[PDB]
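Here the complex is missing a single protein chain, while all its other protein chains stay put.
Order of writing sets the labels: A, B and C. Residues in every chain begin at 1.
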Amino acid sequence: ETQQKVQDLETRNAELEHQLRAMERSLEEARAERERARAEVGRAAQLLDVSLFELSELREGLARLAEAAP
Amino acid sequence: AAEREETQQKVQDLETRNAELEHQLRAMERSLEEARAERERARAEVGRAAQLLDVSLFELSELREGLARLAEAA
Amino acid sequence: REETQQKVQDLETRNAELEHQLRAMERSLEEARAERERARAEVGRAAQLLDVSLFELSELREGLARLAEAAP
Partner (left out) sequence: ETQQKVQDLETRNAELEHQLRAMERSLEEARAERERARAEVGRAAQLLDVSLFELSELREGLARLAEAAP
């Protein structure tokens, strides 16, 4: 019955090891979701980047028009 | 009299084809004036809209950049 | 008696001038209207393009909105 103490700790362990394997899966999921979201964000930035440049050429267009003479 | 008659005519004629040619200009000119007028407006209007757009786009790049920082953040 | 045969060959001159000035002016006004029509069309093309670009930005917007709400 301190071959019992032993028994008890062989079980604390297994459950500490069962729990930790629960947290690893949970962490791994968070990192995954994070990557996938950050990338969706970078995709918006890239899109925006391109489409803002075109919006500028358009602005420059209008300005040339406004300041032409006679 | 005999025909000096018929060129004091040829003046008063030319006098009214003139008078006329004048009344037509003072109408062309007024029409030019409303072209120039209208143009000047319309162009100012466009320029104002461009200038507005610029402010609105520079604001949009601060934003691309922010989103960019967010995506890249480690 | 020739005394105003000057005022004829005279008006022969300030008329052919006014004719020239008028068909000029009339030519100015024509290319005024042409410029106008071209400039407006350029403005309409810009507007059209803008709108297509705005419609695109709204989908982008809804996207980001969706990502914000997205609760996992």
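FYI, a residue touches a chain if its C-beta (ideal position, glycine included) is under 8 Å from a C-beta of that chain, and two chains touch if they have at least 3 such contacts.
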{"item": "Displayed partners of the chain not shown (whole complex)", "value": "A, B, C"}
{"item": "Residue touching the undisplayed chain, where the options are C:16, C:24 or C:65", "value": "C:65"}
{"item": "Residue of A:9, A:39, A:50 or A:68 in touch with the missing chain, whole complex considered", "value": "A:9"}
{"item": "Interface with the unshown chain - residue positions in subunit B", "value": "42, 45-46, 49, 52-53, 56, 59-60, 63, 66-67, 70"}
{"item": "Interface residues of subunit A (partner: the chain not displayed)", "value": "2-3, 5-6, 9-10, 12-13, 16-17, 19-20, 23-24, 26-27, 30-31, 33-34, 37-38, 41"}
{"item": "In subunit C, positions touching the absent partner", "value": "40-41, 43-44, 46-47, 50-51, 54, 57-58, 60-62, 64-65, 67-70"}
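Everything that follows uses one rule, which is that only the chains that are shown with their structure count from here on.
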{"item": "Chain pair, A-C or B-C, that carries the greater number of C-beta contacts", "value": "B-C"}
{"item": "Inter-chain centre distance, subunit A versus subunit C - centres from mean C-alpha coordinates, in Å", "value": "51"}
{"item": "Distance from subunit C to subunit B - Cα centre to Cα centre, in angstrom", "value": "7"}
{"item": "Subunit C residues counted as touching two or more neighbouring chains", "value": "39, 43"}
